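Just one chain follows, in the form deposited in one PDB entry, and it is written as structure tokens.
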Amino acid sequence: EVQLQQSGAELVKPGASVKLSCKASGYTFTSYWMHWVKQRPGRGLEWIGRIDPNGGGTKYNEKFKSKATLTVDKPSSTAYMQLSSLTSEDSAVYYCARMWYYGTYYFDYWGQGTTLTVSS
């Protein structure tokens, strides 16, 4: 069974950084892109970027180039997203979602999301 297991909710002060995780199981990790998505009420879904776990090549929404850092660790089948220089605009639910490298273009499995709140 495919699972994407995300990390626990975070509550941090403005200016801090956080690292969220998404552990994949039940499939060949390196055969699927990992996408990261920001959900804030009133703003639908916002794409952050994607990473190719075979080599860690990234593509970002230019809005997040100076905010997010995507990495993977292949041996532990885990994708990470660091968010830097945090502000209240960063408060949101964040998701990881896989997409096959080999020419299907649907999402299928999503993580359950991690809440980030940036306050005081």
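By rigid core we mean the largest C-alpha set that fits within 1.5 Å across both forms. Numbering follows the first chain given and starts at 1. Shifts are known only where both forms have a C-alpha. Compared with the form deposited in another entry:
- Annotation: the position in 31, 82, 39, 66 displaced by at least 2 Å at CA between these two forms, with the core superposed, corresponds to 31.
- In the core-superposed comparison between these two forms, the C-alpha atom of residue 54 has shifted by at least 2 angstroms.
- Annotation: Cα of residue 112 displaced by less than 2 Å between these two forms, core superposition.
- Against the superposed rigid core, the consecutive-residue runs (3 or more long) showing CA movement of at least 2 Å between these two forms span 26 to 31, 50 to 56, 101 to 108.
Okay, that was the form deposited in one PDB entry. Show me the form deposited in another entry next.
One chain, no partners, no other molecules: that is all that follows.
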């Protein structure tokens, strides 16, 4: 209210490719920009990228660009993150957050974060 929705937990194994989602109550992404924050103890929070549902335009870091990925199910209201070829250090709790800056209006609201378990 306005609330954002990710899955509890997902299980994957090294070398496999998994995808996490972020919905809006909401109604739909785009527009209300998308984030993916990674949380691994002490480290706390990492970043990843964004996606332009209307027709593409993602942005990450020199390190993320391989595994990184950002997307949507515009005919519904979903946003997506894909870790291709996961590793045991991919394991973590990735947060999704929207909106703006691009700058619609005018603050993020967090999800709960999916526990990515890798692997056994």
